[PDB]
Amino acid sequence: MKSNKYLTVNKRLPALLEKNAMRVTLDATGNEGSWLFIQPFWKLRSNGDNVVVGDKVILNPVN
Amino acid sequence: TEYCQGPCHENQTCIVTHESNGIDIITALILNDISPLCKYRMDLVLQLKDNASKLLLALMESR
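Sequence lines, in order, name chains A and B.
127 is the number of the first residue of the first sequence in PDB author numbering; add one for each residue after it.
1945 is the number of the first residue of the second sequence in PDB author numbering; add one for each residue after it.
These are computed hints drawn from the structure, not numbers from a lab.
Treat the hints with care, since some could be wrong.
Stated by the list, open to error - In the DMTMM-like style, the derived pairs of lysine to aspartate or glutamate whose C-alpha atoms are separated by at most 25 Å in a straight line are: (1) B/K1998 to B/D1968; (2) A/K169 to B/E1954; (3) B/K1998 to B/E1963; (4) B/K1993 to B/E1963; (5) A/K169 to A/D153; (6) A/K128 to A/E158; (7) B/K1993 to A/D175; (8) B/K1983 to A/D181; (9) B/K1983 to B/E1954; (10) B/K1998 to B/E1954; (11) A/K169 to B/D1968; (12) B/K1993 to B/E2005; (13) B/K1993 to B/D1977; (14) A/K137 to A/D153; (15) A/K137 to A/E158; (16) B/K1983 to A/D175; (17) B/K1998 to B/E1946; (18) B/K1983 to B/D1994; (19) A/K131 to A/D153; (20) A/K169 to B/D1977; (21) A/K182 to B/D1977.
Okay, chain B solo, but in the shape it has when bound:
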């Protein structure tokens, strides 16, 4: 986020066009629920989802 939460315009391209699936891993973080963590403790999965959403928002900004 702090890499690209500004209109950096470079780290965003560096991240989206990554041959690592990481851009897909962020989406999975948002959507898919963490099965063991969420049952035992729900706050941390919520924090993960919020941070993933903030990162994805950072990934568009002035584009």
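Isolated chain A, as found in the complex:
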């Protein structure tokens, strides 16, 4: 909210120093890859279940 930018993951971009890691930054308009899937990494809810407030969600990359 403060930065007014959307967290977007540039799949084809190395990180600052990681050898084989992807880059995630804040894009002001979205590169069509800014879709994140909230999978149930908490292991409590199930696919399609309401995202429990405080649940250990998994914001995995989509693109």
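With chain A held as given, fit chain B onto it using these hints.
What follows is chain B alone, placed relative to chain A:
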């Protein structure tokens, strides 16, 4: 249940006024659904709910 499913009048007080949350755990058993168990197999969660309800009924009886 079999402890207090009769009008024992003692085990019921012993259980409700317990500094363990167990009386709350029975309520949680009734209401809250067992997320991993229920999806894979639904009969056992039903049995748990039925037994919890029977225990709670046992907890009042002639009071």
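Hints versus structure:
Restraint check: the Cα-Cα separation between B/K1998 and B/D1968 comes to about 15 Å, which is no more than 25 Å; the hinted pair holds. Distance check on the hinted pair: A/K169 and B/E1954 sit about 40 Å apart at the alpha-carbon level, beyond 25 Å; violated. Straight-line distance between C-alpha atoms of B/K1998 and B/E1963 comes to about 22 Å, which keeps the hinted pair within the 25 Å bound. Restraint check: the Cα-Cα separation between B/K1993 and B/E1963 comes to about 23 Å, which is no more than 25 Å; the hinted pair holds.
Pair hint A/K169 plus A/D153 does not hold up; C-alpha atoms about 31 Å apart against a cutoff of 25 Å. Distance hint between A/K128 and A/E158 is fulfilled; the C-alpha atoms sit about 22 Å from each other, no more than 25 Å. Simply put, B/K1993 and A/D175 have alpha-carbon atoms about 21 Å apart, close enough for the 25 Å limit, and the pair holds. Restraint check: the Cα-Cα separation between B/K1983 and A/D181 comes to about 18 Å, which is no more than 25 Å; the hinted pair holds.
Restraint check: the Cα-Cα separation between B/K1983 and B/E1954 comes to about 38 Å, which exceeds 25 Å; the hinted pair is violated. As the CA atoms of B/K1998 and B/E1954 are separated by approximately 17 Å, the hinted pair is consistent with the 25 Å bound. A hinted pair counts as satisfied when its Cα atoms are at most 25 Å apart, and A/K169 with B/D1968 qualifies at roughly 23 Å. This hinted pair checks out: B/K1993 and B/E2005 have alpha carbons roughly 19 Å apart, not beyond 25 Å.
This hinted pair checks out: B/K1993 and B/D1977 have alpha carbons roughly 9 Å apart, not beyond 25 Å. Straight-line distance between C-alpha atoms of A/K137 and A/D153 comes to about 13 Å, which keeps the hinted pair within the 25 Å bound. A distance of roughly 11 Å separates the Cα atoms of A/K137 and A/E158; the hinted pair therefore holds under the 25 Å criterion. Pair hint B/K1983 plus A/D175 holds up; C-alpha atoms about 12 Å apart against a cutoff of 25 Å.
With a CA separation close to 10 Å, the supplied pair B/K1998 and B/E1946 stays within the 25 Å bound. For the proposed pair B/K1983 and B/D1994, the alpha carbon gap of about 18 Å is at most 25 Å, so the pair holds. With a CA separation close to 5 Å, the supplied pair A/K131 and A/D153 stays within the 25 Å bound. A hinted pair counts as satisfied when its Cα atoms are at most 25 Å apart, and A/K169 with B/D1977 qualifies at roughly 14 Å.
As the CA atoms of A/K182 and B/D1977 are separated by approximately 18 Å, the hinted pair is consistent with the 25 Å bound.
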